[PDB]
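Listed next as structure tokens is one chain, alone, in the form solved without its partner chain.
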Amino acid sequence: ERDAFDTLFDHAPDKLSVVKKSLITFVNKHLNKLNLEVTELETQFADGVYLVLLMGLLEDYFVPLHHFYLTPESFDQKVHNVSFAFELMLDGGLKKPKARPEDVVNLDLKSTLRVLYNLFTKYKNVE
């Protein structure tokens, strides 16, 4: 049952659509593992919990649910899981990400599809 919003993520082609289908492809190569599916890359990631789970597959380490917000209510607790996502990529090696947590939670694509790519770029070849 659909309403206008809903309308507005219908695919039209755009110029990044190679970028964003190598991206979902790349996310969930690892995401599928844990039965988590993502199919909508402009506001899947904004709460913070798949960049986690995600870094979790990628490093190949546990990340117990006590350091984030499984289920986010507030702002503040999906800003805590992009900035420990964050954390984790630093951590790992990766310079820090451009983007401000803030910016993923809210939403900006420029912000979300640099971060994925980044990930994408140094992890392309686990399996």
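Rigid core (definition): largest C-alpha set, two forms, superposition within 1.5 Å. Numbering follows the first chain given and starts at 1. First, how it differs from the form deposited with its partner chain bound.
- With the core held fixed, the Cα of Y117 is displaced between the two forms by less than 2 Å.
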Second form
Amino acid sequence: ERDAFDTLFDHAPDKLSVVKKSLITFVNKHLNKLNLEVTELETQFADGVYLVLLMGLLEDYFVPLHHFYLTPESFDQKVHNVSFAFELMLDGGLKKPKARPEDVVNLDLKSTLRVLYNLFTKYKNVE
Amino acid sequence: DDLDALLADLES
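Return the form deposited with its partner chain bound of this protein as a structure block, the form solved without its partner chain having already been given.
To see the whole picture, the full complex is given below, headed by that same chain.
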């Protein structure tokens, strides 16, 4: 199903930097609590590591480090991390992201932004 | 218009 991010990547790429920067601040607002920082949304979320930890942060807890792969050895360990974060998104009562977990690992920015914006809409007010 | 609201949402 087509949405606003499809409009952004096809017809308005000039607005992309504005999307990137605001989602960077939202993501850093929580990840800075763990002494972590995100400068590039594409490459820094492909691990799943930050995505998993962010999910805990948005629900106000440290995720046990053995629940996922802190240093993923392969593509399939990275895919597991992402889908594990997706399951945490379901636990938080959020609607399932319309993105394949493989795309996040494969550095699909459109998919990553969609996932991150889903978190934004729900966790807007969370300090 | 749908993209305009998205950008405004992120800018608030």
